[PDB]
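Single chain ahead, by itself, as structure tokens, in the form deposited without this ligand.
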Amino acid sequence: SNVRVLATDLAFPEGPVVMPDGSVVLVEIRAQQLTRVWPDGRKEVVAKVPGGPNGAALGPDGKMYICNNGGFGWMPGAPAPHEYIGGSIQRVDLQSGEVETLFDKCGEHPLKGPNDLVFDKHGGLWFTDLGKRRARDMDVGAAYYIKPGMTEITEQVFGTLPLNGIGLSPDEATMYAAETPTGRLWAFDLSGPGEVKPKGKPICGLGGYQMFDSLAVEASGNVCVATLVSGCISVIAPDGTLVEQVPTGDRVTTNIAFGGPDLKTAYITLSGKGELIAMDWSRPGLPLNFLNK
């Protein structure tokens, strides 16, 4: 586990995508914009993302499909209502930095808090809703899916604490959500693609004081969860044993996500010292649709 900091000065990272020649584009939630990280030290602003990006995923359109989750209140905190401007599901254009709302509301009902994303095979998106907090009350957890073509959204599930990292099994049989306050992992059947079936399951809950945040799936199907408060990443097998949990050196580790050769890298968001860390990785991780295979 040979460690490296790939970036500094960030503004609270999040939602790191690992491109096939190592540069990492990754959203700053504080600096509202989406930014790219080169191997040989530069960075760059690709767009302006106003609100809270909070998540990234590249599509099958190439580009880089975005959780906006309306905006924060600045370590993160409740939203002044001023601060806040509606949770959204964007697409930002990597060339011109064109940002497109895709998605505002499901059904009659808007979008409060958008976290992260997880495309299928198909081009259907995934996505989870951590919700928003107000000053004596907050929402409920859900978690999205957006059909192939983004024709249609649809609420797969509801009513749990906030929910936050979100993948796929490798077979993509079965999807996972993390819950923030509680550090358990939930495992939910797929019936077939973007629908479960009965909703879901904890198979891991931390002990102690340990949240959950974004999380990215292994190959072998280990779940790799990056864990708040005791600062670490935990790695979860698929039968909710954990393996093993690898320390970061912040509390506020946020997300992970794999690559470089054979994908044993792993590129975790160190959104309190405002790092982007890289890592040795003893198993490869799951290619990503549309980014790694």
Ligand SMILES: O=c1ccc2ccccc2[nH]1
The other form holds:
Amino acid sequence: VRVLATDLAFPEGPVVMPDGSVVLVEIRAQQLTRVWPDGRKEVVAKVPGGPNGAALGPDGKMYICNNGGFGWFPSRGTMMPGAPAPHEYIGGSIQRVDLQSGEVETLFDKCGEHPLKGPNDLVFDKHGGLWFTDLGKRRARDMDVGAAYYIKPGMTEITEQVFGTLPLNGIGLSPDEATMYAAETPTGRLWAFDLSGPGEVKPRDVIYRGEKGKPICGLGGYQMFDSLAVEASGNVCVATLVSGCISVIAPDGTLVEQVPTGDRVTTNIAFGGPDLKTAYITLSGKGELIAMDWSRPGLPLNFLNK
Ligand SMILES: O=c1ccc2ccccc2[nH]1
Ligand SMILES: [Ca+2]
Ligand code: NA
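Next block, the form deposited with this ligand bound, ref. the form deposited without this ligand:
Then the entire complex follows, led off by the chain already shown.
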């Protein structure tokens, strides 16, 4: 276990480059940041609002889930995200950053007639379609439902694929891309959505209240999920809040293991390095990017690793 960088303002959305550098977002600093393996840092772009998740796109640009902004309040020695005051929330969107110029473009701020609320994380399929989660926003006495969306290849249009769940956070594709996984934050449940084809959830039979997917795993106790990354084996590695670990879930739902990280606010994971057997993990409470040896290889991401 190795600490690569410190003094990051709530790191998230790690994208591990082939050379082992990491481009990540700092939600509280509202920026996209390049982190080199020795700890030296460079700001790539200012991204006002709440840049929350990142993924390299087929056009070579860095696509960003912008949750619109958080309130920030001190808790357990860390500045934690909270419900934003109206003046702290500028609207959720999907954005794109030219890494060489720092230019930021806003691509979508609605799906149909409904504004996007709190876009969180995202993953590309091999065709260039873009899956992403919406965590929703919190307000003083209520909160938005979760959702998942798909933007068709070429960034032509956005469609609603999952709606009405609790806040959704991590999202990933199986190796064969026939299954999309969404992590539900407050319940610590990983939901598996069968796809009839690229970008299209195949609705499953309801279990209790309008479920479109299968809850293949739900952790016990007081454990919540954040973002995730998939292994070439098909296992889903989910950053686990409160207990502070990576939860490795097999495609069948089995809890393979839990890898402690030392931070109750462990938020994301991404694979890179030789054989993609290195796990790069954002400890957002401590403000750190860490590296860890992984026993199995990561799933190469489209347009970054393959
Ligand atoms: O992606 C996110 C977004 C919000 C958030 C808040 C508290 C802890 C982890 C979080 N991860
Ligand atoms: Ca997240
Ligand atoms: Na990730």
